[PDB]
Amino acid sequence: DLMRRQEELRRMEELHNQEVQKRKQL
Amino acid sequence: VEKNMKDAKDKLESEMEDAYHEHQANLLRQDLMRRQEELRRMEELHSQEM
Numbered sequence: 315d316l317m318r319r320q321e322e323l324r325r326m327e328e329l330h331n332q333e334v335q336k337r338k339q340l
Numbered sequence: 504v505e506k507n508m509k510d511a512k513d514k515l516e517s518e519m520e521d522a523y524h525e526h527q528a529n530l531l532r533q534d535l536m537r538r539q540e541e542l543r544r545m546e547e548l549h550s551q552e553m
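As you go down the protein sequences, you meet chains BH and CG in turn. First residue of the first sequence: 315, per the deposited numbering; consecutive thereafter. First residue of the second sequence: 504, per the deposited numbering; consecutive thereafter.
Hints in this document: simulated from the structure, not taken from any laboratory. It is possible that part of the hints are untrue.
Distance condition first, Cα-Cα at most 30 Å in a straight line; then the derived DSSO-like pairs of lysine-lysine [said to hold, decoys possible]: (1) CG:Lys506 x BH:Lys338; (2) BH:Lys336 x CG:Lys509; (3) BH:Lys336 x CG:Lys506; (4) BH:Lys338 x CG:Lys514; (5) BH:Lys338 x CG:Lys512; (6) BH:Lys338 x CG:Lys509.
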């Protein structure tokens, strides 16, 4: 469950970074 | 003064997403640190058991 939590953290961080850079690109 | 705080409030509006994301990431990382500490303690205790 620790590995699952770390994967959740990584994917959430990556998705937020991607969406903020998309929102600032436009 | 009015223009200063117009741009200041506009700044605070912009970082609404980033502040929430940072807060949630900080909470997640603190949780994961405490999980790692518990896992290390259990692992060492079990190792000396074995």
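Hints versus structure:
1. CG:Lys506 x BH:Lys338: Distance of about 24 Å is within 30 Å: holds.
2. BH:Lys336 x CG:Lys509: Holds - the C-alpha atoms of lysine 509 of chain CG and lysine 336 of chain BH are around 26 Å apart, at most 30 Å.
3. BH:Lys336 x CG:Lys506: Judged against 30 Å, a Cα distance of about 29 Å means the pair holds.
4. BH:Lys338 x CG:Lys514: Judged against 30 Å, a Cα distance of about 14 Å means the pair holds.
5. BH:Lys338 x CG:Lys512: holds, 19 Å
6. BH:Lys338 x CG:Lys509: Answer holds: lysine 338 of chain BH to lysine 509 of chain CG is near 21 Å, not above 30 Å.
This entry satisfies every hint, going by the numbered hints stated previously.
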